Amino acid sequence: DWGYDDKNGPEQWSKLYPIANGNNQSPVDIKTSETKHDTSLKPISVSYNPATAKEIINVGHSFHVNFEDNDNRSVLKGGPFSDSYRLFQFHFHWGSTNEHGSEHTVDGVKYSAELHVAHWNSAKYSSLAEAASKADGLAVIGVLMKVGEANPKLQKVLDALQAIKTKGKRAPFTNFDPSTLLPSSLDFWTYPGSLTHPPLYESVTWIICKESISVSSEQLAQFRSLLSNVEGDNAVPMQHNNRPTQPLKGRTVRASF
């Protein structure tokens, strides 16, 4: 028990996860004017194989689209990294309002929702398990969602939610390339942070997309419609899962433009 409500939410997490009060916590607010242009940065290059898509699962606090990672069939290369990271998942972050659900913030501004595309260093570690705790183990792309116009590339994801209504339900989810969800240009901010929920490892190199993608209120309504309870129990909706921002504490956020 760790959640997003008062008794076990983000303000309490530290009682248990002392690393909550670390020096590399995420999300952070991004101050555009204090960011630092690094000419060593490369374009990120994604290469997913839609055939790696596996399942979609309800984890109570969120939902997950999991990927087969026994190969280098779906990888991320470029940006800051000199080796390649293997794709293992995507998931979203939202809030109880359609207007305030992002984790990362830009210049004090909170977006409606956030997608995270997570990878691990296959070059260096043997599994996600090993990798998960090391300084350079994970890399996540974060895409800011802005409420507006319906985003039709999210349809295959929403139809799938029907089958994963309550906690612990899984379903097959295949032939899906997540790179369909990224913005048009892939310019980014990067900083050293961590997972945005327990275990809160500071094992993540973030990549925030300069560009946002859309979603409508009703799409968003859908996420918030899943349940956190097991089937047969009283309904408890998946209202929100976003962490407030954390002091930057000496960290530098670099830009690829």
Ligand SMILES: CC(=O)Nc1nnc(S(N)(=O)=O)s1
Given for the second form:
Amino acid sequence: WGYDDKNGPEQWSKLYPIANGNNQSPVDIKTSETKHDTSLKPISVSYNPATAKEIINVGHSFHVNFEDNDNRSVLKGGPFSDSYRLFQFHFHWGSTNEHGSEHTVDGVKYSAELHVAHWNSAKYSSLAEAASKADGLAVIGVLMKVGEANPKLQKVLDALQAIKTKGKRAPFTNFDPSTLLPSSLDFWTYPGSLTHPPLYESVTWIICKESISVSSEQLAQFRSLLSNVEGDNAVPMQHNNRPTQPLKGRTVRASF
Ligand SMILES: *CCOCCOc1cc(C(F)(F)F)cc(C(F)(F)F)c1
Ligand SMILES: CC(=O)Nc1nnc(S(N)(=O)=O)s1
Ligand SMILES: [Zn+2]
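Okay, that was the form solved without the ligand. Show me the form solved in complex with the ligand next.
Full assembly next; the chain just shown is listed first.
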């Protein structure tokens, strides 16, 4: 699978059939239609800089990975009775500056999107057990708005020199990805899926209502990454965002 025209989102179904399921992400959040739910506590993020393990190039994107064998870095709060464990964060972008984000709000597409992934440390014992589970994963989504260079991006953008080709991997230590979040964690939540394959309808989505800034050049650093393996040609990572999906009667809750 991939984001190319011959293996993209459109051919995913004729491959993974859940892509035409009932709980697909990303989606468009129509604000006139959200619901303030009163049982929604705020969201508390308690990450530890020293769980920061490595950065690695997975060919369609890159990931920053964390140590996930105790609740050292947790997502607590929101719609969650349980504490969720941080294990990864990563990004999404597009061909140009006007649509790299996966979620849209009110039909407004953003330049990129930040995803911060947790699994249910406390109902399940492993993340492979957790992946298929409707209540297994929790991802925070942060819209990215083209403007000023983000300072806290740099410390990770500075690290892609060392993972330029597909499979290339580098150590990445002392990082609090909470530093990447907006000042307000006012958010929406809806039940949804993973946005690329395996596409598991197992993600409880947290979408911060506040954007963060990324600069036009920082987005270019995203596309200086290579889909290919070393020695092979250069094919750069141009986009890796899925089109929005049908809500199919799902309810998007606001925390405000
Ligand atoms: C850059 C890659 O991220 C780290 C690996 O995260 C996952 C592992 C697994 C598996 F069960 F195979 F270990 C599954 C998932 C999934 F649920 F598909 F997101 C992520
Ligand atoms: C290993 C891994 O993380 N696979 C994913 N598949 N879809 C994801 S999404 N866009 O929720 O963040 S992550
Ligand atoms: Zn993602």
